[PDB]
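Enquirer: Next come the chains, spelled out residue by residue.
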Amino acid sequence: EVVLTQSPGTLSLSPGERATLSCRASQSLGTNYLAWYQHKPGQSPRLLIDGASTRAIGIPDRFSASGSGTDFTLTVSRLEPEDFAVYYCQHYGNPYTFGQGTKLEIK
Amino acid sequence: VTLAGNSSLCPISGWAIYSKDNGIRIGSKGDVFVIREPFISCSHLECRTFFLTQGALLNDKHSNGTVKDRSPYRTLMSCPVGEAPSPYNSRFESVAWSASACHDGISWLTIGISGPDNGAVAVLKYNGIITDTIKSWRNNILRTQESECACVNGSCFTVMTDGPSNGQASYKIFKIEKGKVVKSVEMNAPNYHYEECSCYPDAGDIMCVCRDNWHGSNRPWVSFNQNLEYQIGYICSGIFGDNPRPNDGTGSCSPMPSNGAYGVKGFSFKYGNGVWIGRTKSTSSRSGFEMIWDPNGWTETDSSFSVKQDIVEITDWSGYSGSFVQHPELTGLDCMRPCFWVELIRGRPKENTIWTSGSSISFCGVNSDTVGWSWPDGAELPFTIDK
Amino acid sequence: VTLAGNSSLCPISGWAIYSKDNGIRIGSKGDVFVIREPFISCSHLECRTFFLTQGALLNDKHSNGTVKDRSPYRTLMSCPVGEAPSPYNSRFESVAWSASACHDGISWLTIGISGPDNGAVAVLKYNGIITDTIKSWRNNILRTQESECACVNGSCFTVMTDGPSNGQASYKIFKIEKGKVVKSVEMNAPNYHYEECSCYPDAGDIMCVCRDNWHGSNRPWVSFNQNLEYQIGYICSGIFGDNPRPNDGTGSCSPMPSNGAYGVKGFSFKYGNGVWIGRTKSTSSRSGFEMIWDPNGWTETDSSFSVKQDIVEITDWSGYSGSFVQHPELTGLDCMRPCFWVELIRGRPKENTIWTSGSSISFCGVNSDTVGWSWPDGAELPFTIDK
Amino acid sequence: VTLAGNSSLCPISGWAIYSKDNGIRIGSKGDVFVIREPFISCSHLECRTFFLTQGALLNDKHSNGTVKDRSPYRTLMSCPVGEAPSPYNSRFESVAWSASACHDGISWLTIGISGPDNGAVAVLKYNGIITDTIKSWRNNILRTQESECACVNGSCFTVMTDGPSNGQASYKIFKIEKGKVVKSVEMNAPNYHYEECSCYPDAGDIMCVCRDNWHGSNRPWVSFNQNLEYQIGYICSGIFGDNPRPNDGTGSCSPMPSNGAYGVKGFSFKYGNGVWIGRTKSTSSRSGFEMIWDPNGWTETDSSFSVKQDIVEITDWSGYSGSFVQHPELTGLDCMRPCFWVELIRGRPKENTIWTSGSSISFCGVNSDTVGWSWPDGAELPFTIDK
Amino acid sequence: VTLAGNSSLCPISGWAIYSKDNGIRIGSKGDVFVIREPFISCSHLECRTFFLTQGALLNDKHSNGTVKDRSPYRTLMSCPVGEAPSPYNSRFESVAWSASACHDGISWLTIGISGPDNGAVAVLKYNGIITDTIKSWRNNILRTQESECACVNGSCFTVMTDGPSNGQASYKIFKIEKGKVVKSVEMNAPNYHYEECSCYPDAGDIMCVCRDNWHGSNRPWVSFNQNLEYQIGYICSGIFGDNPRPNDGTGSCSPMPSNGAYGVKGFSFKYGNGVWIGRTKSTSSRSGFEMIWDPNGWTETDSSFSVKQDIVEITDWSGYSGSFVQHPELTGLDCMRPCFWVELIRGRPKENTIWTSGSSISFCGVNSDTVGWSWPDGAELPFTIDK
Amino acid sequence: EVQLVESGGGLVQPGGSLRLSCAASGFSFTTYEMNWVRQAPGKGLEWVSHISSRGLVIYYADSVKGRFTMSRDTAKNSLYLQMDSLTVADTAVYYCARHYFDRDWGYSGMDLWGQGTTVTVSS
Amino acid sequence: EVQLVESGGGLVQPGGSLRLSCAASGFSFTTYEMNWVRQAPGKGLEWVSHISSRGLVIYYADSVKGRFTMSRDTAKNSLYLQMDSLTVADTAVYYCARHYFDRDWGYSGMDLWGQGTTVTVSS
Ligand SMILES: *[C@@H]1O[C@H](CO)[C@@H](O)[C@H](O)[C@H]1NC(C)=O
Ligand SMILES: *[C@@H]1O[C@H](CO)[C@@H](O)[C@H](O)[C@H]1NC(C)=O
Ligand SMILES: *[C@@H]1O[C@H](CO)[C@@H](O)[C@H](O)[C@H]1NC(C)=O
Ligand SMILES: *[C@@H]1O[C@H](CO)[C@@H](O)[C@H](O)[C@H]1NC(C)=O
Ligand SMILES: *[C@@H]1O[C@H](CO)[C@@H](O)[C@H](O)[C@H]1NC(C)=O
Ligand SMILES: *[C@@H]1O[C@H](CO)[C@@H](O)[C@H](O)[C@H]1NC(C)=O
Ligand SMILES: *[C@@H]1O[C@H](CO)[C@@H](O)[C@H](O)[C@H]1NC(C)=O
Ligand SMILES: *[C@@H]1O[C@H](CO)[C@@H](O)[C@H](O)[C@H]1NC(C)=O
Ligand SMILES: [Ca+2]
Ligand SMILES: [Ca+2]
Ligand SMILES: [Ca+2]
Ligand SMILES: [Ca+2]
Ligand SMILES: [Ca+2]
Ligand SMILES: [Ca+2]
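The listed protein sequences derive, respectively, from chains H, B, A, D, C, G and I.
Mind the numbering: the first sequence is residues 1 to 107 in the entry's author numbering, read in order.
Mind the numbering: the second sequence is residues 83 to 469 in the entry's author numbering, read in order.
Mind the numbering: the third sequence is residues 83 to 469 in the entry's author numbering, read in order.
Mind the numbering: the fourth sequence is residues 83 to 469 in the entry's author numbering, read in order.
Mind the numbering: the fifth sequence is residues 83 to 469 in the entry's author numbering, read in order.
Mind the numbering: the sixth sequence is residues 1 to 123 in the entry's author numbering, read in order.
Mind the numbering: the seventh sequence is residues 1 to 123 in the entry's author numbering, read in order.
These aren't lab readings, by the way, just hints derived from the structure by calculation.
Virtual Cβ for every residue (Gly too), placed ideally from N, Cα, C.
Don't take every hint at face value.
[Unchecked claim] Chain G residues, not near chain A, derived (Cβ > 10 Å throughout):
#  : residue
1  : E1
2  : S28
3  : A40
4  : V57
5  : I58
6  : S63
7  : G66
8  : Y80
9  : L86
10 : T91
11 : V121
[Unchecked claim] Derived Cβ-Cβ restraints for the label pairs, each shown as a range:
#  : chain 1 : residue 1 : chain 2 : residue 2 : range
12 : D       : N329      : I       : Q82       : 52 to 60 Å
13 : D       : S153      : C       : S266      : 43 to 51 Å
14 : B       : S385      : H       : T31       : 24 to 32 Å
15 : B       : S364      : A       : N434      : 44 to 52 Å
16 : B       : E411      : A       : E411      : 21 to 29 Å
[Claimed, not checked] Only pairs whose alpha carbons sit at most 30 Å apart, straight line, appear in this in silico DSS-like list of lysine-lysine:
#  : chain 1 : residue 1 : chain 2 : residue 2
17 : C       : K143      : D       : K143
18 : C       : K150      : C       : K254
19 : B       : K217      : A       : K363
20 : D       : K390      : B       : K469
21 : A       : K469      : B       : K150
22 : D       : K217      : C       : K352
23 : B       : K469      : C       : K469
24 : D       : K217      : C       : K150
25 : B       : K143      : A       : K217
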């Protein structure tokens, strides 16, 4: 089994600076199959990053992601009032797990 | 009269560029299909480019989400080589999301797979008339070469796969005469994986170099005669041809497990104990392309080669590649000429567009002087529809 | 090489997809006609798709209000099968708002009806040369098959209608040889209604399955020989083929009155006492399509069938359908191969657009394994011109 | 090989519509030429539409001010009949602002006039090869038929004009064999005016009905044999064919002066003493079109006819019209079939656009039943480029 | 049927316009290639226009910066003469940024140069099949005619250059038979410069008039027989043909150094001691075009000519020009007909656009009466993409 | 124009049974793989089960294995989930999600979701 | 472009006669069906008569049957209505309307109208 640990349990910032969220894999992942989801309360989750490096269709240029091996990073250069939600990292290769999430709220 | 196949591959030293369609550069303004998986197959009079359209034109709203391979709108068409695929100069061949096609010297044989994943059916057309069908025997995704099938002596041969894409599957060789499947055997290849084979005739036999998508970073091959009596193995050259692949080192004749559990369709030509390996320049992504000549790379596990020729640069996108031949009844020579094509994928997964498509370039092997350069796709992305 | 026609229909177990043009998906950006009522007719060398253009291109301001069937701008054209109808790859055939066409083995015969409602005239062209004309004999809307006519032995046969669309009309069978109408009889069919017949040859005779637009939710048929000596009736099968139709129950050999006073053009193939019924999946709207095999559905009224094959899903739009055959001089076989096409209407009367158009798919019957799927139109509406 | 030569015209009763291209309706979105002065000429295998492009596409900024007839950018092209003239389906013929073309049964003869007004030169091409040139002999605007020339027995005949457009000019008849002008005579026709003749063969002689642009509201004619031995006169029917013209009354066989000092290209067919007159419906503007049958209108000056057939409504624009024939080696019949075409001008001088163009319709005479209707242009103006 | 070419040039007095494509006027709205350096080569059945595309369409964002001559996206294509080059009517020939092509009476020979500047390789295709390659022998920019090569008796001859563009280079004559280079000699021409030769056959020998890009404002020529036994020199007329050039004065048979260190591709026809000189009207820029007939201009320095014919006016842009011939097996004559084409460059280096392109006009020499006019490009710049 | 609508959630006592139904529109199940994802109140998303486009159920979560049953009806385009022997830890909100297996590039990632249905257990 | 214009309206005494004329432009009567619709002051629209594109008069209203006569001239593109023995209940405003019979889908519905002419009866 492979557990994904998102280092910031909660993260508070102001509307307009860089936000870096991170996931650490317990075991290296030979599959490059790791995705990022944005979950706003009262709404269905939305796919932001697929393949750990590529924005989905319709996701703005504001988000970006990168990573290698066990380290994965999601960066928002300029936050917005609607950019505050819970962020999940998912490994959809074997074994199938989600991360625990991280909440972004206005400071 | 049908094509005999008794001739051996011609002696080569290098590859001279044959065609370039500039499909995506033209498709910015013109009405050009969103295609993928092109391949070139030659008759006894001409050579044509076969492609699998997405059912939509390029830079259009119906090209949104064309990264997907299986849809009821994909069709197999063909245009003359070196021309951009447009609805106004393309010939419709079959309805398919997986296909192959070849010419026996009399009429075109077209194989087109369509249908649900657990019930896909291959529809065999000969001269545009449906002649036979092959139904999936494992009720998994049935798939075929994506390149030309091989006729020797009026009989075209093809290889199909049905089963898991990350494990042991079922592999069949089909012998087709005038659209009828006259003979077929199921290969007994445990611990092997064959996908998207690129087959060529050589000395009256057929040679296929396929893609190992399960646990191999080198390429498997299968050779058989007209009785479908086959031999299996892997290319022992330490210059791995698959992608992703490890760095060059000591190679192996069994599958290479390291960094091997995916791949890309490729090819290779066997010259005695040597091999002409066509592979991407980067070991992690489909960028670049080169042709390697390992004089002992079919049976020796060294990592030392003799000649490189550059086709695209590590900075430019590449994609699938495959092999075709020009029969002596076309070229007029006394030997079968080896050629190959490369697909240059632009769009998603890697780029921030809504579509994915690919143009193509093709080279033919010559015994005279040649040069290595970079012939990239040249399209400037994103397009208008992405804004 | 005039067709022999003494051959009988081939034995079949299913239908394999033959073509798909993706006209409306391509026509979003490309220059593709606003067509409707396509049909496929095969010569002894090729098969062509005939369509009735509206005189305008798709996604253009002249496609405004193209729900109307009769205008002085409609023309009959033809393109090779499986290709989108565009002005750059289509051949002009006739000026018509109602048409049919077929090939006798030497030259194409084209029938095209145009003119006022009370004076429409059918212009018969043979090899592109006007040879004869037929004028309306009941000074009501004169109309013809909208599918291929049938030649047996060098003589093509067609059925035309003239009279009320909600009552008794006048029905004529025409025997045409090289563009001349050599013989015609007027059918004595009281309490019957025939519109938009789909005729095929079988064992030297002609068999037409038509649309009852007055009082029949099942389909009427007429069979005749080369002397125009005819028989009339209805398809007894309790599996009704018209649309709108009631739910399946006990059927009739005479008009079925319940929920029957409209229809859609369809077809059926007679195999002894059985029948292959092609019908939409929904009983109220033109959505879906399936092929039913009732082993005793030509004479028995049971409601019980043997095989279904799915063509389109009840959630996807469908439209007219018709039957064509591939003669043994084309396929090389010894039987007449039954095939069929379906029209997939997109646009008004049920979508919120300014235009209506239709693409097509076509299937051919085979004796090998086949699969049922859904091959829908796939167009994303509304277009730009609707905004 | 050679064509016609003894065949008189066919007995006829009406006209059945042959073709309709819908050029301007299609050209709103598609890439269609800005043409004018189309004409139809038939070979022994097909019929083609020849047109004079303005060098620009329709609904484009280069179509600004295309009301002008003489520019160095006009070219003569041809497309198959009934198809919209586009750069992707048209064949280039000659560089010309005045042209005519016809087929001798072996190869196409093309005449194209270009150059300055006082030095225009006609370039005669045969099978695409320049064979001869004719230079202006009065150093005024040299002009030719704008319709097909006539071959009888391998020799094509044409009529050219050079001189004032409001006074006495110079008229020449040319006999051309395989691109060489083998004989020519200059007509001695004082007080006559011939422009834009429409010539057809009849019983081994040639008959031309031309346009009187100086002082005549009826039409002049010239008939000659293969020796260029000619006769001249006017059509003495009281049903005037020119436009503008007075109201119908007592006609005459000498130039009709009243309201006659302009015109439009037209035609007429001589049947003994009768005549089939093709003329616009309005006497002041080019609106409408009808075919009149005056059983004694070639020699008697009455104003009473026998039959009218309506072609276009008086509320719809029309334009030039001309006559072509289908030789017995094309139709297979035993007599020469008379046909005609009409040009439907849309744009300036009468609509508030920047361009002028014209589509075409064409009819062929038959001995069976026919109907009169209106087949107008159908284009919705103004276009986008006019806004 | 191979062209024996024992024939001498036909007697002529002027030039009659043959074709005009209106590529840039049409390409404003239509999908027309960004081409440059067109040329016309005739087979024994037709004449085709060969052009070097930039890989992009006109009025598109990929036409940005198409002033550059060498890129991996340029390809050699061909369309029928007089038609605008579009992806929907063009035939792909080779991948090249420098090219030439000609027809031996059996199949087309195509030469296409591509690759890096210090390693460019010419790929020789015969009937679409790669037959031979020629590699750069000075590792400088290898370049060829940009016009048709010349076959006499089944052997096509071409001239290639490799070396400095402002100094002494290396000049080779190649004799090619069915795609194989059977013989080649390297010209010993010190203090000479040959670029972009325009060669024509005359009395069984080959005559090439080239461009001196180093120190000559007149044009050099080389004549050789089938043994590649050559003669070299310059044109001695005081009517200089290069551009830029000095004013007309006393000329020289050795390089004219004054104002001569650049040039433009041109041509000339030798008639005994006379010469037909085709040159631009302005001595400083590529504007205008005229044909000069100097009855003693091949051997005498005088600046006095006999006839001028105007092609384009000094206010309209012109560009490259070259010569082609129509063999007696095409025209049917007993002599070799001289023709020529002119390229009309629009866009940068002298207009404020992002692209450069060129349309073409072509003339053929006749012995009858002709006229001089101006047939300019006619395009209205800048386009939409420049805004 | 593609839609997935879950239904079936409600209040059920411990140890009971329930069955959800996700109706899909605009696409066919014979091409895309489907998933059941649950979010407990106060916890993150959890992957319950994953079924192929070939009809093979690839994945069950460890906690629910042996108790839940996932099935589908392709002729109806419906995805089902039978829960049996429900416990108090099964209180959550359930989503039916859709992703794709590409023959060349591989798996894709859950692209399309519904709002989901709440399943709660009391007493 | 397409236009319908009525004419002929006026003050007429009871028991008189009148005849309206609707001139149409941009389309031909040989393809579309035409209608006379009247609106009384204080009442809704009423369908007076309906004529085919074949020249057959399909419908008359019950009140006007036997008194009104509807005809057309296709060469002129004109639609006519002769009213005879007018009563006080015939005071209304009249429209000529146009609809279509599609060979496949059927009747269409009155798409194009004019402003109409007022017919009033006094004393
Ligand atoms: C692409 O698809 C998404 C829906 O999946 C849609 O939101 C977007 O509008 C589309 N974009 C284009 C360019 O059509
Ligand atoms: C090749 O084909 C011919 C004709 O079918 C046949 O006679 C011959 O045996 C074939 N060659 C082999 C080795 O099978
Ligand atoms: C369609 O035609 C109508 C007239 O019925 C016009 O009002 C409408 O604006 C036109 N629409 C378009 C999109 O061309
Ligand atoms: C069959 O064809 C020939 C030629 O058309 C004709 O003579 C004969 O009457 C036909 N036979 C039948 C069965 O009518
Ligand atoms: C037409 O040309 C005139 C100048 O002759 C120009 O002012 C006008 O803007 C042009 N119109 C268009 C649409 O180009
Ligand atoms: C008609 O053609 C023949 C050649 O076939 C030729 O000899 C003759 O001069 C021509 N003219 C006539 C009708 O005499
Ligand atoms: C043309 O190219 C330049 C870069 O050389 C770029 O800045 C500009 O945006 C391009 N312009 C157009 C119109 O594409
Ligand atoms: C012409 O070609 C022939 C071969 O066909 C060759 O032998 C001959 O030498 C060539 N011409 C001359 C006169 O050299
Ligand atoms: Ca691998
Ligand atoms: Ca080695
Ligand atoms: Ca019915
Ligand atoms: Ca009379
Ligand atoms: Ca110079
Ligand atoms: Ca001189």
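Enquirer: Indicate, hint by hint, whether the structure satisfies it.
Expert: Here is what the structure says about each hint:
1. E1: Violated: least Cβ distance 7 Å, not greater than 10 Å.
2. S28: violated (6 Å)
3. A40: holds (35 Å)
4. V57: holds (22 Å)
5. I58: Fine: 23 Å to the nearest Cβ keeps G/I58 off the interface.
6. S63: Given a closest Cβ separation of 36 Å, the condition holds.
7. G66: Given a closest Cβ separation of 35 Å, the condition holds.
8. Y80: holds (19 Å)
9. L86: holds (34 Å)
10. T91: holds (35 Å)
11. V121: Correct as stated: the minimum Cβ-Cβ distance to chain A is 36 Å, above 10 Å.
12. D/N329 <-> I/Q82: 52 to 60 Å: With Cβ atoms ~31 Å apart, the hint is violated.
13. D/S153 <-> C/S266: 43 to 51 Å: With Cβ atoms ~48 Å apart, the hint holds.
14. B/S385 <-> H/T31: 24 to 32 Å: With a Cβ separation near 27 Å, B/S385 and H/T31 satisfy 24 to 32 Å, so the hint holds.
15. B/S364 <-> A/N434: 44 to 52 Å: holds (49 Å)
16. B/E411 <-> A/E411: 21 to 29 Å: holds (28 Å)
17. C/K143 <-> D/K143: holds (19 Å)
18. C/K150 <-> C/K254: holds (26 Å)
19. B/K217 <-> A/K363: Answer holds: B/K217 to A/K363 is near 25 Å, not above 30 Å.
20. D/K390 <-> B/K469: Cα-Cα ~60 Å, so violated.
21. A/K469 <-> B/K150: With a Cα-Cα distance of about 29 Å, the restraint between A/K469 and B/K150 holds, given a limit of 30 Å.
22. D/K217 <-> C/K352: holds (27 Å)
23. B/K469 <-> C/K469: Distance ~19 Å between B/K469 and C/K469 Cα, so the pair holds.
24. D/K217 <-> C/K150: Measuring from Cα to Cα gives roughly 43 Å; hence the hint is violated.
25. B/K143 <-> A/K217: Violated: B/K143 and A/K217 sit about 47 Å apart, past 30 Å.
Of the hints listed earlier, those the structure fails to meet are numbers 1, 2, 12, 20, 24 and 25, in rising order.
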